[PDB]
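*Asks:* Given chain B, put chains B', A and A' with the ligands in place with the hints provided.
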Amino acid sequence: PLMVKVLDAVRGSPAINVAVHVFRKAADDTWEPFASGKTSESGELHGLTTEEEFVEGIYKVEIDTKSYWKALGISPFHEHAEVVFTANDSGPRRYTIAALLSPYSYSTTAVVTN
Amino acid sequence: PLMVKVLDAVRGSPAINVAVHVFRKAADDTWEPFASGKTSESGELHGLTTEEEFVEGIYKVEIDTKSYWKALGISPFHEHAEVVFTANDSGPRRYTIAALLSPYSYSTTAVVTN
Amino acid sequence: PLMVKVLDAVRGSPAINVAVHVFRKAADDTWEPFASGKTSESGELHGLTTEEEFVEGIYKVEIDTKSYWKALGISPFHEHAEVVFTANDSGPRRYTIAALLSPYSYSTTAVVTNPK
Amino acid sequence: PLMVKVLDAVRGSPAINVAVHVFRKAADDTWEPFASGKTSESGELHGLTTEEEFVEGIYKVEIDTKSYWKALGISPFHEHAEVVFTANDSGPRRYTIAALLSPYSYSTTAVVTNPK
Ligand SMILES: Oc1c(Cl)cc(-c2cc(Cl)c(O)c(Cl)c2)cc1Cl
Ligand SMILES: Oc1c(Cl)cc(-c2cc(Cl)c(O)c(Cl)c2)cc1Cl
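Chains as they are written, first to last, in PDB author numbering: chain B, 11 to 124; chain B', 11 to 124; chain A, 11 to 126; chain A', 11 to 126. A prime marks a further copy of an entry chain.
If you're looking for bench data, these hints aren't it; they were derived computationally from the structure.
Accuracy of the hints is not assured; some may be wrong.
Taking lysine-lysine pairs in the DSS-like style, the calculated list, with each CA pair at most 27 Å apart, reads [unchecked claim]:
(1) B'/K35 to B/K15
(2) A'/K80 to B'/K70
(3) A'/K70 to A'/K126
(4) B'/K35 to A'/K126
Short, incomplete list of chain B residues facing chain B', as computed with Cβ under 8 Å [said to hold, decoys possible]:
(5) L58
(6) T60
(7) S117
(8) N124
The C-beta atom is built at its ideal place from N, Cα and C for all residues, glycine as well.
Chain B extracted, bound-state conformation:
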């Protein structure tokens, strides 16, 4: 039900080997670790969760952009890129969170489908 895709706007490529951490907001408003991984050669991270586990709630996707740029020897602005959203059962069932990265900027969108 959840896929994260990261692209590099400097090289025109997938952003490969980017660390991604997913958190779920707890009852006490803290962020509890949920799923994590590193993007593949396609810039994608699949297999984070299952339909059973991915219940309604507020989730945060944290993308380690700073390490990505530093590994390319490029000085970046942001510490990370964070995407925070509510999962809703009334909407479509599959969520792609995409991010398009530059050193001093990023774009992010959601593609939510059945």
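*Replies:* Frame of chain B; chains B', A and A' with the ligands shown alone:
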């Protein structure tokens, strides 16, 4: 070697049934029709060309954004979105041209891979 | 030293009356309130801080996008847009944090200048 | 009535000395030169036209991104960024055309206001 992908930033979805026209710059600097189609349910348009036909040169991808918004009953700013680039044999062989559409804005990127 | 600018990609306009909260990471690693305000009719928020107060640190600028969209009758995807960055670590700079908002997407950039 | 603003997403700065050419579609469907200039140190290009000259029509703003990147040692993807729009069809408006540039990507938006 060429795929076009169009996304809708208002609905969080693929942009389906969007007309896309591809042109190649001729020797006299005019744009000659090359390929065209309409995006699929996934927002993608595959099958535009073949490796044999997609020689080095300057290409233009024109995305009919205005008709897309008008069909949703939404007033848009742009007449269309145009992406103009050089195909280069020294670079990677596969080109994805992606566009993320809003009524008064768009983002576009290239994902160029082997 | 710090300005925030927010634009609306649906209407082609400034995003007016957007709430913005700025935090600074404390020595104990918590986010401390630093400053807040709302965008003006130009989509800009000035006057958040001073060059004396805006010391080195890790700052978070939280833009309350959800409240903004809901008031237009759009049920948006994101809770907020957060921008996290180290500031002033090579001496004072001027920072503009800009965001371009859609219901299911946003772009953000920084314009960083050196006052001399 | 028409301002163009260009930002650099790699450096976090205005995109300075970017060439911009504006065209207007003629009655014979050709693109007629309308006005041109280069972005200033703020990344802005003012003074392209007047409210009298900027009549109804279909306009193209061509931003010469390739030349800009090449001068930074980046071989970019696009030839240029072109923005095509109908202007002033409900009376005069003020238009800001903004672009945020990366070597393989750009974003563009419009801010359209009504002077009253
Ligand atoms: O498959 C995708 C490709 Cl190729 C591109 C984008 C994508 C994502 C963002 Cl944030 C953008 O600004 C643009 Cl222009 C494309 C998204 C997906 Cl899901
Ligand atoms: O003054 C500005 C104007 Cl008009 C536009 C942007 C701006 C900001 C983002 Cl995030 C964009 O994707 C685009 Cl295309 C423009 C920024 C500033 Cl500071």
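*Asks:* If a hint holds in the structure, say so; if it does not, say that too.
*Replies:* Each hint tested on the structure:
| no. | hint | result |
| --- | --- | --- |
| 1 | B'/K35 to B/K15 | violated (33 Å) |
| 2 | A'/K80 to B'/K70 | holds (20 Å) |
| 3 | A'/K70 to A'/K126 | holds (25 Å) |
| 4 | B'/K35 to A'/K126 | violated (43 Å) |
| 5 | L58 | violated (19 Å) |
| 6 | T60 | violated (22 Å) |
| 7 | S117 | holds (5 Å) |
| 8 | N124 | violated (10 Å) |
Consistency note: the structure conflicts with the earlier hints numbered 1, 4, 5, 6 and 8.
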